[PDB]
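Have a look below at one chain only, the form deposited in one PDB entry, in C-alpha cells format.
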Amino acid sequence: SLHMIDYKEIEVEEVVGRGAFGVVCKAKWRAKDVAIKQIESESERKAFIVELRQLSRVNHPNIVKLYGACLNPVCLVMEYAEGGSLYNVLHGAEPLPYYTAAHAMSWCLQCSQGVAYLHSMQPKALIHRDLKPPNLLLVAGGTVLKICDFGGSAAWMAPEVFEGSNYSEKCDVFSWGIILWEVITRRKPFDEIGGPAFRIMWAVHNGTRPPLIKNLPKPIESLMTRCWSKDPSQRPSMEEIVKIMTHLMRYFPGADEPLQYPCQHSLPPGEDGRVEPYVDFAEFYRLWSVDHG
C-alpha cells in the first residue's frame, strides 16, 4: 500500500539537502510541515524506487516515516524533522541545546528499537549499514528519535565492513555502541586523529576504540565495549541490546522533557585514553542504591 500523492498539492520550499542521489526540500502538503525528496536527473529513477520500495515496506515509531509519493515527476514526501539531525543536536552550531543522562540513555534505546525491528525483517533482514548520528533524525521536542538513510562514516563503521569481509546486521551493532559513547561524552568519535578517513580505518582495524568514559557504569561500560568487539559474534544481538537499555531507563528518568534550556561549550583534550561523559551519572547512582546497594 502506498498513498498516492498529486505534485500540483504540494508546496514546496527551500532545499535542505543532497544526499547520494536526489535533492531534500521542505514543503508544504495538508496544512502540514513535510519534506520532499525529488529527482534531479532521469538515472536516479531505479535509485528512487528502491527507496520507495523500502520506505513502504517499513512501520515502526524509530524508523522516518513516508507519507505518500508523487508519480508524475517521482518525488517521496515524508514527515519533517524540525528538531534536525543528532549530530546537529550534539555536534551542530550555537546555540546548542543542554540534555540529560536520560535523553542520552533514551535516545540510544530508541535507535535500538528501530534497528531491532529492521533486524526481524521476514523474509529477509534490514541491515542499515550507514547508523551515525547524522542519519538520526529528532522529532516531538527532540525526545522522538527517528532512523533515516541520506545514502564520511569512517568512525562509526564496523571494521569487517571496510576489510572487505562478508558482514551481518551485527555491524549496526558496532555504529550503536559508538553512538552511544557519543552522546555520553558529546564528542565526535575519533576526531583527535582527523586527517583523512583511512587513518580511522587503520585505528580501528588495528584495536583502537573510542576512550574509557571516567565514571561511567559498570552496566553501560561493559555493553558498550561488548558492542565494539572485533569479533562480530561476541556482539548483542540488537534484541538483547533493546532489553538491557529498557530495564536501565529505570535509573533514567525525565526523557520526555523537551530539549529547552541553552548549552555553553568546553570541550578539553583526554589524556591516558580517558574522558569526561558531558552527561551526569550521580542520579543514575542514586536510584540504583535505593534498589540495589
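Numbering follows the first chain given and starts at 1. Between two forms, the rigid core is defined as the largest C-alpha subset superposing within 1.5 Å. What changes on going to the form deposited in another entry:
The Cα position of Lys230 differs by less than 2 Å between the two forms after fitting on the rigid core. With the core superposed, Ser43 shows a C-alpha displacement of at least 2 Å between the two forms.
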The other form holds:
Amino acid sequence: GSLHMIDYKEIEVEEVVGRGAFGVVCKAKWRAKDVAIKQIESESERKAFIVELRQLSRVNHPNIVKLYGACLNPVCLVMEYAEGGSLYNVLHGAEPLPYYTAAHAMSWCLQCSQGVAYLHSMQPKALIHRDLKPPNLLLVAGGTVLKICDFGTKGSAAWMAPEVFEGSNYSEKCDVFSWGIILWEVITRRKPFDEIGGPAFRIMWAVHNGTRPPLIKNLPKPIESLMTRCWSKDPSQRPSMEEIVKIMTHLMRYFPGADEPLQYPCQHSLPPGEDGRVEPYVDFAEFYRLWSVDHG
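Since the one above is the form deposited in one PDB entry, can you give the form deposited in another entry too?
Shown next is a single chain and nothing more.
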C-alpha cells in the first residue's frame, strides 16, 4: 500500500494517554483535527515500528484504526483519536462507568471478529494479531463502533492461547481463543482470572492445566457453544474467524439496538462469589423473546 508523510512540526503533542507493546501513545492536534500519535521511546524499537508501519500501510477496514500518516524524523504513527477510549476502560475503568446492553456486547464482539477475519484473509501471508485484548480495542461513535489497534506485535496472559505460552508452533487460531475470552468478558463485565491473580506465570499454569472462565448462568446455548469451542486446548477444534463472523452476524437479528450510544451511568455492585457459575452483566430476556417469535 502507501503512507501519507507528515511533518512533525505540524503536530502539537498534548497529554500521554496509553502504552502498547512498544512505544507510547499520546493525544495530539494536526491540521484542524483531533488525533492520536505514537512516538518511539528508544532507538532499540525502531525496527518493530517500521514493520508495523509497513503492515498498517496495507490494511484498510472499518474495524481497524485509521492511520492518517507517519513521520520519519522522529519516527511516529498518526492515527484517529478514538473518542471513547479503550474497551478495557469502558468495561473496568474509573467510575462513572457507562451502562451497556447485550446488544452492545454482541456488536462489539462481531466488529472485532470482522477486523480479525480481514487480517486472517490477507494475501499473500495472513496477519495474526497475537495480542487481542480489550486494552487494544478502541471505541468510536458514542461507543457503538469498535476498532482494533496494536496488531502484528506482557500483561496479556489472561487472553493468550496455551500454545503461545508453550513456544509451540501456533497459528491464526490463537486470536480465536483471545476472542472467546473477550466474549466472556463483555457478557460478564469481569476481568478474566482476576481471582487467580499473582504474577503472569500463575495464570499460564492455570490455563495450561485446563482452567477457563466460569460458565455464565442463563447464557443462551448457541452463544455458550461458540464461546467454549473458541477456548479449546486443541487449536484445530476452534472455529475460524470467518465462521465466527457468519454466526455472530446471524445472531444479531436477536440483538437490536447496537447503534444506541453509551449515555447512561451505571452504579456498580456486580455480585461476586457463588463458585462455579457467574451471573452475566447483560440481560438475555429480549434475546429469548425474539428467538421464540422466529422459532416457537
